[PDB]
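Colleague: The residues making up each chain are set out below.
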Amino acid sequence: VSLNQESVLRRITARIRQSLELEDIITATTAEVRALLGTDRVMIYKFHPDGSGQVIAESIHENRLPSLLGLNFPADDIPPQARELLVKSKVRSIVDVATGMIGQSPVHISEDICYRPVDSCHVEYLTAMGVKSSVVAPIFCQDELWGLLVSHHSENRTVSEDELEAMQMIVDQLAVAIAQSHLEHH
Amino acid sequence: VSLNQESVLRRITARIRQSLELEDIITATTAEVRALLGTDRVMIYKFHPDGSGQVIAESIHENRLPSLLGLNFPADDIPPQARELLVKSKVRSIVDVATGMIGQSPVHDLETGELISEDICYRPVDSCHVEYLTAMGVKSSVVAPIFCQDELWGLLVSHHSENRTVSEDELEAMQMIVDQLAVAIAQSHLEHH
Amino acid sequence: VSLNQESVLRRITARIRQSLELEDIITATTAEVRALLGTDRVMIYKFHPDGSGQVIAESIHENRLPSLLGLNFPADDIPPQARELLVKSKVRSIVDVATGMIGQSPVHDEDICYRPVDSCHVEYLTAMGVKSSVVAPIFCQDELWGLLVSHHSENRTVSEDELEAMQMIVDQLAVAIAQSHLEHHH
Ligand SMILES: *[C@H](C)[C@H]1/C(=C/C2=NC(=C\c3[nH]c(C[C@H]4NC(=O)C(C=C)=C4C)c(C)c3CCC(=O)O)/C(CCC(=O)O)=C2C)NC(=O)[C@@H]1C
Ligand SMILES: *[C@H](C)[C@H]1/C(=C/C2=NC(=C\c3[nH]c(C[C@H]4NC(=O)C(C=C)=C4C)c(C)c3CCC(=O)O)/C(CCC(=O)O)=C2C)NC(=O)[C@@H]1C
Ligand SMILES: *[C@H](C)[C@H]1/C(=C/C2=NC(=C\c3[nH]c(C[C@H]4NC(=O)C(C=C)=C4C)c(C)c3CCC(=O)O)/C(CCC(=O)O)=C2C)NC(=O)[C@@H]1C
Numbered sequence: 011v012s013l014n015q016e017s018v019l020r021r022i023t024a025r026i027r028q029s030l031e032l033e034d035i036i037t038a039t040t041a042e043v044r045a046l047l048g049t050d051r052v053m054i055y056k057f058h059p060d061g062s063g064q065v066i067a068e069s070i071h072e073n074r075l076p077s078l079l080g081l082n083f084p085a086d087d088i089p090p091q092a093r094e095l096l097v098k099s100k101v102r103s104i105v106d107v108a109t110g111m112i113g114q115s116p117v118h126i127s128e129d130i131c132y133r134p135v136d137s138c139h140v141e142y143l144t145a146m147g148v149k150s151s152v153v154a155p156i157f158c159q160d161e162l163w164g165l166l167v168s169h170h171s172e173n174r175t176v177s178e179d180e181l182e183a184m185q186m187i188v189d190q191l192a193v194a195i196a197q198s199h200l201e202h203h
Numbered sequence: 011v012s013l014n015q016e017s018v019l020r021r022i023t024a025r026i027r028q029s030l031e032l033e034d035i036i037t038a039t040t041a042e043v044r045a046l047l048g049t050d051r052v053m054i055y056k057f058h059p060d061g062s063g064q065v066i067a068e069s070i071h072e073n074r075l076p077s078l079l080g081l082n083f084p085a086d087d088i089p090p091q092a093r094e095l096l097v098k099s100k101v102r103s104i105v106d107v108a109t110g111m112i113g114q115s116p117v118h119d120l121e122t123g124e125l126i127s128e129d130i131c132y133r134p135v136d137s138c139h140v141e142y143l144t145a146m147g148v149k150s151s152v153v154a155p156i157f158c159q160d161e162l163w164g165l166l167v168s169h170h171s172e173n174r175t176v177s178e179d180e181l182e183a184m185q186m187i188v189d190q191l192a193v194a195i196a197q198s199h200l201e202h203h
Numbered sequence: 011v012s013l014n015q016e017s018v019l020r021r022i023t024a025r026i027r028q029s030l031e032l033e034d035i036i037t038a039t040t041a042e043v044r045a046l047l048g049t050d051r052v053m054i055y056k057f058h059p060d061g062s063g064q065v066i067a068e069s070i071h072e073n074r075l076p077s078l079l080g081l082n083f084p085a086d087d088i089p090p091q092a093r094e095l096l097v098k099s100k101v102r103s104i105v106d107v108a109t110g111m112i113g114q115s116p117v118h119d128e129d130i131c132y133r134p135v136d137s138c139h140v141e142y143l144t145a146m147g148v149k150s151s152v153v154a155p156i157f158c159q160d161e162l163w164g165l166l167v168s169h170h171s172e173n174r175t176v177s178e179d180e181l182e183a184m185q186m187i188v189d190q191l192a193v194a195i196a197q198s199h200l201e202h203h204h
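Residue numbers (PDB author numbering), protein chains in the order written: chain B, 11 to 118, 126 to 203; chain C, 11 to 203; chain A, 11 to 119, 128 to 204.
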C-alpha cells in the first residue's frame, strides 16, 4: 500500500526484463524515487565525456522548484577533489545549508555519515537554486562514473542512513539497467 | 566531576538501602545531579504507556528557567525515528542550538548485529526540535534514557540557557547515574510485585 | 614548479646540516611553510615550562593579519582538556568559525571528526581576525615543545592532505630540535 524501496526496485527489474527504452526506464524511475523520498525535486544527471553533464530526467513536486530538465552544467561545477570522491569512494553526499555542513558516506561498513564544513562556493550554488537540502549518489555503468541521482529540497531536512541505503539500491539497480541496455543494443 | 559522580551514585545507593519510596529517591536525586552537572535545569521524565510522558522530578538553579514539574508532553514530541534510537541503541544526545547540530553516542548500537560503544558523532538536528528548545530558552540539551530491564522507562534531561560544550566524561557521568536509577527502579518493582 | 612538502623538508634538512642555531632554522622555515599552505599567517609557538608560550617565528601574506611575533600568551589559553589531546593523541585541530565547529584528527598508530567548538575559543580567534585555524603540535622526543599554527582571515575548507603536510613539517622540526640539543650538549 505504501511505497518502499523494494517495490521500486521490483518495477525497475520488470522494466529491464521487458527491454523498455533506457531513457523511459530512467524517466519513470526518477518519478518513483521522488515519491519515495518525498522531496521537491529529484533528477538524474548524465555525464558527458568532458565531465560536463545534462539533466536527463526530473520529477518535481507541485512546481516547488524550477525545472532544470534538458539543461547542461559545466565540468567545473564539480571540482577534481569532489569528482575523485565519486569515482574512487562512490561517496554519497548530504548538504545541509542551514548548518553549512556536508555529510559524506563512502561505500567502499564505512557507512556512518561524517559531517564537515562544506565549501562556501557550493553553498552559494545551492542557495541560488533555492535548495536548502541536497543528497547525491553516483550512478556507474560497470566501473565507470555514468551520472548522478540528485535529490533537492526547498526546506531544511534531515537525511537518515535508511534514505541513503534506498538511494544506493536504486543507483545499483539503474547500473544494471544501463549495462543491460548497452549489451542488448550491440 | 569524577570524585563527584561517585558521590552521587553513593547517595542514590544510600536511599535505596534506607528503603525510601522510589518517588522520593528520584526527587532527591535530581538536585544532586544538577549540582554535579552545573546546568540550569535537570529533569527526570517518565513515559506513559502510550509514549507520552510527564516531568516527575526537577531541579533548577536560581529560578533561571520556568518549572516544568508535573507537566505532560505528548508522544509526538519524540517521533518514531528518535524513539527507536532511544530503545534500540540507548542513544545519549547532545543538542547544540548555536551550531544546529546534535551529537549522538550509542552505548550499544546496531540492529540484530554486534552492538558497540562509540564516540560522539554530530549531525544536523531537525529544525522542529531546535525550535522546540529555543521556545523554552534552552541553548544546550543533554538527554540519556533510563531503562527498567528492557523497557524504556524515562529520560534524564539536562537543559541550559547558555551555549556549552559537552565532553565524553559528562556523558559517562550521566550514564552511570541512569544505570544507578535503573537499579532503584528495578528493586522497587520487585518489592511491589 | 610549485612548492611541495618534500622540497620544504629537504631545505630544513640542509639547515640542520649547517648547524644553524635552532631559532634561525625555525625563522628560515616559517616563510616556506606559509607559502606551501597558502594561508595568511603561519607561526611557530614555543612553550615555556609553566605552559605559557611565545610566538618565536611568523610569516604573513601581505599584512592580511597582524603580527604576533615575540608576544607571550598565558597557559590558560589552552585548557587541560585541550592540552591533554595534544600531548596524548598528538591531535591536529581545524577550527571553522563560520560553522562554529572544530575538527580533530589524532595521529594514533580514521578521519576528521567535527564537533561544536567552545565559544571562548571562537571568540579568541575572532578577536584576532581569524576565521580559519589549523594547529599541529611540535615535540622533542616525547615532550610537547610547541605548535605549528596556521591562521586565515577568510573561511576555508581543510583537507587531509594539508594535515599530512603539517604533520611532515612538525616531524622534521622535531628532528631539528633533537639534533640541536645533541650538538649543543656540554
Ligand atoms: C566554486 C567557484 C565552483 C564550485 C565549487 C564546488 N562544487 C562542489 C561539489 C559539488 N557540486 C555539484 C554540482 C552538481 N550538484 C547539483 O545539484 C547540480 C545541478 C543540478 C550539479 C551539476 C556536486 C554533485 C558536488 C559534490 C558534492 C555534493 O554531492 O553535493 C565542491 C565541493 C564542496 C565540498 O565538498 O565541500 C566545490 C568546492 N561549484 C560551482 O558551481 C563553482 C564553479
Ligand atoms: C515537530 C513538528 C515535532 C517534533 C519533532 C522532533 N523531536 C525530536 C527529538 C526529541 N524531542 C524530545 C522531547 C523531550 N526533550 C525535552 O526537553 C522535553 C520537554 C521537557 C521532551 C518531551 C527528545 C528527548 C528528543 C530526542 C533528541 C534529544 O535527545 O534531544 C526530533 C529529532 C531531532 C533529531 O534527532 O534530529 C524531531 C524531528 N518535536 C515537537 O515538539 C513537534 C511536535
Ligand atoms: C576561555 C575563558 C579561555 C580559553 C578557552 C579554550 N581554548 C581552547 C583551545 C585552544 N586554544 C589555543 C591557543 C593557541 N591558538 C592560537 O592561535 C594561539 C595564539 C596565537 C594560541 C596560544 C589552542 C592551540 C587550542 C586548541 C584547539 C586548537 O588547536 O584550535 C579551548 C577548547 C576549544 C575546543 O576544543 O572546543 C577552550 C575551552 N581560551 C582563552 O583564551 C580563554 C582564557
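Quick caveat, the hints were computed from the structure, so don't treat them as lab data.
Backbone N, C-alpha and C define an ideal beta-carbon position, used for all residues, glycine too.
Hints should not be assumed to be uniformly reliable.
[Said to hold, decoys possible] Stretches of chain A that chain B covers, calculated by requiring three or more beta carbons in the stretch to come under 8 Å of a beta carbon on chain B:
#, stretch
1, 15–25
2, 130–138
[To be verified] Facing chain A, from chain C, some residues (calculated, C-beta under 8 Å):
#, residue
3, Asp-106
4, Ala-108
5, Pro-116
6, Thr-175
7, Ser-177
Colleague: Does each hint fit the structure? Answer for all of them.
Modeller: Evaluation of the provided hints:
1. Here's how the stretch 15–25 of chain A fares: 0 of its residues keep a CB closer than 8 Å to some CB of chain B, so the rule of at least three is not met and the hint is violated.
2. Only residues whose beta carbon comes within less than 8 Å of a beta carbon in chain B count, and the stretch 130–138 of chain A has 3; three or more means the coverage holds.
3. For the restraint placing C:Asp-106 at the interface with chain A, the shortest Cβ-Cβ distance is roughly 4 Å, inside the 8 Å limit, so the hint holds.
4. Because the closest C-beta pair between C:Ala-108 and chain A is about 6 Å apart, less than 8 Å, the hint holds.
5. Interface restraint check for C:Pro-116: the shortest CB-CB distance to chain A comes to about 15 Å, outside 8 Å, so the restraint is violated.
6. Below 8 Å, beta-carbon pairs count as interface contacts, and C:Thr-175 has one with chain A at about 5 Å; its hint therefore holds.
7. Using the Cβ-Cβ criterion of 8 Å, the hint placing C:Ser-177 at the interface with chain A is satisfied: the shortest such distance is roughly 7 Å.
Checked against the numbered hints listed earlier, the structure breaks hints 1 and 5; every other hint is satisfied.
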